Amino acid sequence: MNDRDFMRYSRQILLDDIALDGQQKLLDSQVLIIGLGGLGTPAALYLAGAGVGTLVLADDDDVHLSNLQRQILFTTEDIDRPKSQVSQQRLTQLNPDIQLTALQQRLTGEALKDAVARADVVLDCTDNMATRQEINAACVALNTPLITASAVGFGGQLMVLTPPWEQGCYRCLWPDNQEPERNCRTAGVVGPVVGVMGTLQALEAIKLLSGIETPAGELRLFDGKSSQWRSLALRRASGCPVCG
């Protein structure tokens, strides 16, 4: 690569586990981020700056004042402007040497499928159970990893699902499809909490793409209130509508 790119990616390249090799891998890698909010926003911000070759940002909503408290990528001046655009645009100003696509739609059906297909890794950053479900289905089908997370109030939840599908899919831990019983406090959310969650979704994407020994198949839980971390093991359904 370049002698400049070296400087920019200096902090990663200088790392044994990544070095020049991985750094190229990152540059040759592609990542799909469905949803650019308090979760996908810092996810995209850190991936671009890390040098992920390609980034597809999908989000069908505009920038609202209500967002600025946790969706750090945006600015008040961006209000009413479509997220995907504003996003790609600002990420560009950060890392021009990388390609950024902006889908101003809702990824579904085949539009979501092939989109998933390509991607070497797919981050789910839609705090939506339905979407998350088909993103999972699609991911399982076109054997492409899914790194899903979420947050409500002071609580965070993260999960990495690799293609081998060892410990099953999201439709294993929740063969259902409706909603969880955390539907109560679904009122607000602390920025740092949803933030740390997305940021971690990116660390997991890097490690996955740069082929690092990152444990998966867990369900990490964060309690922003007690500032305590916790992990629940996983194992697939003895006959899931997927992963079967």
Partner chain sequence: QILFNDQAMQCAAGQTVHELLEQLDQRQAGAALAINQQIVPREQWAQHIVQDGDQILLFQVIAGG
Second form
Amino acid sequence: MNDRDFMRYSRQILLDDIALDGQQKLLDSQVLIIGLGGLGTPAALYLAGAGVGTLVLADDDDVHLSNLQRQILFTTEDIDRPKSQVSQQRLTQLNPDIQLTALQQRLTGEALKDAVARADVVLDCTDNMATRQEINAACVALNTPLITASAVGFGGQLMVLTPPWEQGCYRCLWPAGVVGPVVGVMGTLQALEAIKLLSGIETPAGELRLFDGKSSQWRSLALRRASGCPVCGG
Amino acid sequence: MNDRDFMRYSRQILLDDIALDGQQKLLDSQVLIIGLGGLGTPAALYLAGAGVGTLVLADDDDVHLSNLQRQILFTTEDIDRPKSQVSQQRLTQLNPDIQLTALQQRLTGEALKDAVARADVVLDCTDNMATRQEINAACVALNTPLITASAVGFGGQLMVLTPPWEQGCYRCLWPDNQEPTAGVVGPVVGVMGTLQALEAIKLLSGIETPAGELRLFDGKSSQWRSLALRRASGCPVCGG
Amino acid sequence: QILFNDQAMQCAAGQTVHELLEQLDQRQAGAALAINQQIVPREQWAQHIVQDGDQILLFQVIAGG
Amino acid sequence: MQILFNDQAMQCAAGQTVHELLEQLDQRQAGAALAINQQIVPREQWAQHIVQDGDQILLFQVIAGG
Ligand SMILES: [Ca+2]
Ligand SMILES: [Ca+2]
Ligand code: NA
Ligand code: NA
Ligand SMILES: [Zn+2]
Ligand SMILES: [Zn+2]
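Can you swap the form solved without its partner chain for the form solved in complex with its partner chain?
Below: every chain and molecule of the assembly, starting with the one above.
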């Protein structure tokens, strides 16, 4: 890689688990982030800083004042502008050397499938079950790993789902406000899982991690595939 | 608070644990963030978004290109500029309605004591033992809660230390004044700083939560463990 | 004798997960359950027999983001 | 008798202090903290704290970066 990338990514290149080959792998990768809200904005910021070669940012909402309490990539001057465009602009300022693609729309059907197809990993940062079920269906069908997280109030949940779906999928598991740093910790952890998966770092997958930000405790549960699953059961 | 504040903090206000009363207490509080690096930049972003009324941002560095991999508040356009100034400017863009104070300095001695005294809670987001011991000594002497965290490689450490210091202080755990600058994964140091913001919001809004617990994170195995802290009888800081 | 949501309580041997949830009057919609830190798929609740010493968790899905 | 040391099973003599055990394992004390059964044991107590059969011990180093 060129001198500018070496200096820019030097603090993670110093890590023997990533180093020059691991960074090159991130630079050759493509990540699809669906939803640019509480979860997606910190995730996109960390992934752009880490040097993921191409980030595809999908969202069809505009920035609203009430968003700023937790969507840290935005500012008051972005209010009423399309989130994917503002994200693309701000992330470019952070790292102008990677490819940032903005999709201003509700990714669904054929369009969702082409984007999941091109991605090496998909981050589900949406806010409703119908959409999460549709993204999960596309990832399994296209055999693409999915990193999904959620948060509400003081609680968070996260799971890394990867081919051959030995611990099942989102559908096997699932057939008020929110505190900013709780959704933020979940989105940041999604970024951490993507970096590890793209750089080839051995780590667990197939576990549901639950966070209670009020008792400040975490618990890990082993996911299990459901024999009757219409998505990954065969 | 006014109508603009009501809308801005609405998703936090909907939580019965915070509500209108808790938001007002955040708005009336003061937080000192020492260190505007991997830990400090996300903590400041979230605390600003949360409506902490006054944030004091202290750091003695200028932005460098290699910072961007983990210090998410900065951009390529800020390279070579003072960190506390850039942070104050970027954060007012996020939230122009709170008080943002920039201290471009390595807080020590009298200046440190005065900033600690004025803050309701201090976030230690620095990067060396000596400074961390100095901050801890000031917080205990001035009876000010201290939320401290660190990260290196794939690991992180976090503790919330509050008066009357029932579980001791930073010096009860670490008697060392020096270790016995390495790599780090962006989101690992980021999660520790974001967790520091979370602890601050709970402390300032009055949410019952544990303190005096050392929380350790291994980002590679994806596991957390919580250890009960214990005061040291001969601690020269909180030993009394 | 089992742990339900980290709290001890007494049950009744040979009972299914479904039987147990029914007696406790718990909503099973939007709910998932684990036994000894492993998820038990919902489709298996009718047949899965709760054993003595089982550590059970019943929680709700969070979809927000 | 038998203990867990950093999540791994290990055998060691009965009647040993934390200091003697760390000495046996050739572990450096500077920059380290120790927990037994999930509670920190302040370093100032290691020379007298007796390790007991079935103890779960963690020995880790301070991280100061940020
Ligand atoms: Ca299958
Ligand atoms: Ca409410
Ligand atoms: Na793909
Ligand atoms: Na104070
Ligand atoms: Zn499935
Ligand atoms: Zn002390």
